[PDB]
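There are 2 protein chains.
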Amino acid sequence: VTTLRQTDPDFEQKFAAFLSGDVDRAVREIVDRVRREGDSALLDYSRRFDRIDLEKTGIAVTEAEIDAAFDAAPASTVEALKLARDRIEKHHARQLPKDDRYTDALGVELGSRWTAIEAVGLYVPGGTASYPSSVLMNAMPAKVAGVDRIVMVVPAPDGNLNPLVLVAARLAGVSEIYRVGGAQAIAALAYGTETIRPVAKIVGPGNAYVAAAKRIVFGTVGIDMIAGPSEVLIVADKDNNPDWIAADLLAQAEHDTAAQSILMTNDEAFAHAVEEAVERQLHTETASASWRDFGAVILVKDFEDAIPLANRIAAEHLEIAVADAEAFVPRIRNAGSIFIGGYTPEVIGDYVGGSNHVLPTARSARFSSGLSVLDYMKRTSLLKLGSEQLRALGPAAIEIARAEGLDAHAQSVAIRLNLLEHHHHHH
Amino acid sequence: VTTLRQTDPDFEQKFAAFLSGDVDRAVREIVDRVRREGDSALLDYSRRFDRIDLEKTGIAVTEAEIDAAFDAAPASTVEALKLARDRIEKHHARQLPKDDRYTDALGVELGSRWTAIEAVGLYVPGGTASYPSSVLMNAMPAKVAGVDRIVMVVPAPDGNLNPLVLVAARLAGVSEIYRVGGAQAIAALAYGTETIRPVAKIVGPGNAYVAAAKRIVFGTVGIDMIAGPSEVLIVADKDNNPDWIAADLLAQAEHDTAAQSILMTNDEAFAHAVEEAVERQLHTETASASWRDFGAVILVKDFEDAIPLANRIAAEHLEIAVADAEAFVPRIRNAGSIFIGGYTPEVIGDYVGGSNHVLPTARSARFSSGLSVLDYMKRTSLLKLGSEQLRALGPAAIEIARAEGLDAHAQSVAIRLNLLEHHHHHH
Ligand SMILES: [Zn+2]
Ligand SMILES: [Zn+2]
Ligand SMILES: [Zn+2]
Ligand SMILES: [Zn+2]
Numbered sequence: 006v007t008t009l010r011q012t013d014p015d016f017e018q019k020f021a022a023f024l025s026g027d028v029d030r031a032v033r034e035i036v037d038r039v040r041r042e043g044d045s046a047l048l049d050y051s052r053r054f055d056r057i058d059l060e061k062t063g064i065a066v067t068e069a070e071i072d073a074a075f076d077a078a079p080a081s082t083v084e085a086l087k088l089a090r091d092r093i094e095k096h097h098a099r100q101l102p103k104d105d106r107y108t109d110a111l112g113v114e115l116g117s118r119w120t121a122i123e124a125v126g127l128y129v130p131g132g133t134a135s136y137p138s139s140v141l142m143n144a145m146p147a148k149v150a151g152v153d154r155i156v157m158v159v160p161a162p163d164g165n166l167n168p169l170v171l172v173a174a175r176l177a178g179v180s181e182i183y184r185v186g187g188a189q190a191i192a193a194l195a196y197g198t199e200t201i202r203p204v205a206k207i208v209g210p211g212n213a214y215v216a217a218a219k220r221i222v223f224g225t226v227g228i229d230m231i232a233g234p235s236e237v238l239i240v241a242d243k244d245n246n247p248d249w250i251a252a253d254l255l256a257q258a259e260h261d262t263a264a265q266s267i268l269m270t271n272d273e274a275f276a277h278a279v280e281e282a283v284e285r286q287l288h289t290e291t292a293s294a295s296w297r298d299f300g301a302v303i304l305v306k307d308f309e310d311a312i313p314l315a316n317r318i319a320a321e322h323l324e325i326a327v328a329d330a331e332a333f334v335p336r337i338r339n340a341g342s343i344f345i346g347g348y349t350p351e352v353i354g355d356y357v358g359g360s361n362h363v364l365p366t367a368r369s370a371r372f373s374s375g376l377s378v379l380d381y382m383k384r385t386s387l388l389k390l391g392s393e394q395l396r397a398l399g400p401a402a403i404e405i406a407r408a409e410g411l412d413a414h415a416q417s418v419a420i421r422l423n424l425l426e427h428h429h430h431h432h
Numbered sequence: 006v007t008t009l010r011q012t013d014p015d016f017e018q019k020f021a022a023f024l025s026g027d028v029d030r031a032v033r034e035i036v037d038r039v040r041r042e043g044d045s046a047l048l049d050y051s052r053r054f055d056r057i058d059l060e061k062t063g064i065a066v067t068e069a070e071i072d073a074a075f076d077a078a079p080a081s082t083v084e085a086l087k088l089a090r091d092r093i094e095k096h097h098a099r100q101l102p103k104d105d106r107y108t109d110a111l112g113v114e115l116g117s118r119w120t121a122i123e124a125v126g127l128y129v130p131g132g133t134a135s136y137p138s139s140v141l142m143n144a145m146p147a148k149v150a151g152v153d154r155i156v157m158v159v160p161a162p163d164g165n166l167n168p169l170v171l172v173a174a175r176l177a178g179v180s181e182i183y184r185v186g187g188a189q190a191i192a193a194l195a196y197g198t199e200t201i202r203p204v205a206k207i208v209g210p211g212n213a214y215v216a217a218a219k220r221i222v223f224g225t226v227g228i229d230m231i232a233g234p235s236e237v238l239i240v241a242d243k244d245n246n247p248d249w250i251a252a253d254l255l256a257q258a259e260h261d262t263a264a265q266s267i268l269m270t271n272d273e274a275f276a277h278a279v280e281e282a283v284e285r286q287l288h289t290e291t292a293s294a295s296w297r298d299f300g301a302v303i304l305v306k307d308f309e310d311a312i313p314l315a316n317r318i319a320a321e322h323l324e325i326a327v328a329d330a331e332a333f334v335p336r337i338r339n340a341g342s343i344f345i346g347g348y349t350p351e352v353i354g355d356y357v358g359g360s361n362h363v364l365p366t367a368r369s370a371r372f373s374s375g376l377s378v379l380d381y382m383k384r385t386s387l388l389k390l391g392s393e394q395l396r397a398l399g400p401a402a403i404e405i406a407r408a409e410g411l412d413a414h415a416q417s418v419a420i421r422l423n424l425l426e427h428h429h430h431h432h
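So the sequence lines, in the order shown, correspond to chains A and B.
Throughout, the working numbering is defined as the position within the first sequence, counted from one, plus 5.
Throughout, the working numbering is defined as the position within the second sequence, counted from one, plus 5.
For the record, the hints were derived by calculation from the structure and aren't laboratory data.
Misleading hints may appear alongside valid ones.
Pairs involving identical chains hold if they fit within one copy or between any two copies, as the list cannot separate such chains.
Straight-line Cα separation of at most 16 Å, EDC-like style, residue types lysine to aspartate or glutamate; simulated pairs [stated by the list, open to error]: (1) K243 <-> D329; (2) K95 <-> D109; (3) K95 <-> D105; (4) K95 <-> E114; (5) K306 <-> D13; (6) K306 <-> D272.
Could you build the full structure based on these sequences and the hints that come with them?
The following block contains the structure:
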């Protein structure tokens, strides 16, 4: 496994290189066609890519089909999904924003008010990449935020849908479910078709076609972020169970073939002990291809050294397993989620922690946060000036407007001050 | 001026049509070249588009050049910019997020922590579109949020820079200023060059080239939103000064040739009185082309009717001038900023209100908010489970992981529970 040593005269060059790292035309055409033509183009693309005939199966999934999904599900799985839904809901409810209206010293009334986005669409991959936990994580915050209409699009290749996805959808307050995917589904959500009324925002990672479609429609609808390769950074000292740390690195690896698992430690023997555990557990596929191709160990002399390196890696998931861990939490500023101690494997956050696992990937923790209720809401600014306030702030506005050559802007203030001033000749 | 009447059997069709409504290849190449080549490609593109030779003028603006800018500025303009900076700062400080760490009923420790984005870049148009108010509005929130490095890129066509932009930059805590623009500047900020170290997020509306460049780099850096045509919606009854309302419609029009100003009223005579005022003031250019080409009046019978229409328009700027205005504020959920009463022209919000004027355009108020300190910060989730908590939540996680075919994920929990369980045979 790749191993970098901070003291190496070439460490910086190798570390920076380690951190570094089309379908546009086809997608541009698919998006434009769905926009201009609607349902018929949706059915057309679904045939080409999902080998399904929506004319016969229908575009929308029925409540009856969702009921059948519930009955087919093992009781313990439905129960587990409900516990996860309940934990996620309670956690997100705490993050609801509070409005703020106040009067400043000049008597100006300033306000901040939050409302939910009216309709939101959740993109959920189809087939073997179709996970019910993803559905709860993406839909529950919208439900908590108060979104009136929650739509889910999920492709059904060869007509197959994971029934657990339908089970999760209901548990999380999803209102409409449509059997479509790819750039065509993204276009339908953004522009609308005869059957699918448009939404105001689309969330949910997808493949290259979905990603390209989202870059196009951004502006017409809001979008969460572009899906990028996932990574876990584990910062651990020798006082850990090597098998446990290995299991955590492998859990992240099975996720995707390009997923990356990094161990940052100050004890080489421990790093060796973790690599041996990774090897044994690897027997007793995607994780194999993932750990070998992208796995890595970074050796530092102490954890003060690990701080700047961890900040540059800016991992989606950061497991901190060192003595006095709570002390490093505030020092490591770039991380989507931080899991503390030996009993908190990243996996728990994917399912039952309650904290949203849909986190920023590919160094995006440098500028973004994981999904929260805020992503499903928006703030409106409120401002009210009375005559006194306009008299006090208007001149400054006029000065700036005129300095900017914006005479109409200056006049909208001057036309008011010119009349008002006749009542202020005393001062 | 275009006039729609809600009762018209064809109103809905006309209103919906009223609401509706390339360089990609060239930009894709410019962005890729700057990424691969650095400074030399920056200088190359700057010559082609700004007719400037950065080899002689230099890429970075010097402190000395900024000092000269201050001296050349009229005292009242510097003072006005400072009052605006102070109002914006005090307002934004109130919006700083608070961290939240707590322990739930199961003893799970959950946390929410906020940090500032380390480096941010502000794109400011050059030439006659170069406004100092824009600089304060875009930079001040980053300064309040605690951004360590604030960078501004501003093209200097034919070597000319608005000195007031340099004055504002300093007042707002901008650290570095570079004389570059377009897709080349966006590429330099996102990928970095020898002279310009990369930033984590880029904010600031630009032209079609800037917009295309931002769509490309999104993911590598965060981006605010894509600039779209601006619009003001004024909902007013007859108890207003027609000249004042006209001035407000014209102020928004001079902004851009595609800017849109809409009057929504329940009194046709008043609408006529406003149109006549717009005509007289139009004499005593861009505003002219803007009001005629995109201006519009929407007649309703009462303001209850105006609510759903205003929500569909979802204007960047909404001026509410009706009796009992405070009553409609909560009913109109989609609006970037709401200005209340006759003494609050939208213009005040652009400069001295304190509330950020960089608001969502082209119906984006349906899903986004105007710039705030939150846009310059990010949240990190914290999670800590002890043995008891993992014992209580682990089984559910395993159940879901296995139902999803994610065995490595299930094992990272099972490997811990398998050892831990020997201490829990009593229950
Ligand atoms: Zn050290
Ligand atoms: Zn995971
Ligand atoms: Zn009515
Ligand atoms: Zn304005």
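Structure-based check of all given hints:
1. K243 <-> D329: within (13 Å within a copy, 68 Å between copies)
2. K95 <-> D109: between (35 Å within a copy, 10 Å between copies)
3. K95 <-> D105: Cα proximity of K95 and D105: across copies only (14 Å, versus 23 Å in one copy).
4. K95 <-> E114: Cα proximity of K95 and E114: across copies only (13 Å, versus 34 Å in one copy).
5. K306 <-> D13: Within. Shortest intra-copy distance 12 Å satisfies the 16 Å Cα cut-off; inter-copy 77 Å does not.
6. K306 <-> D272: So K306 and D272 pass the 16 Å test inside one copy only (8 Å; across, 77 Å).
Comparing the model with each earlier hint shows no violations; every hint is respected.
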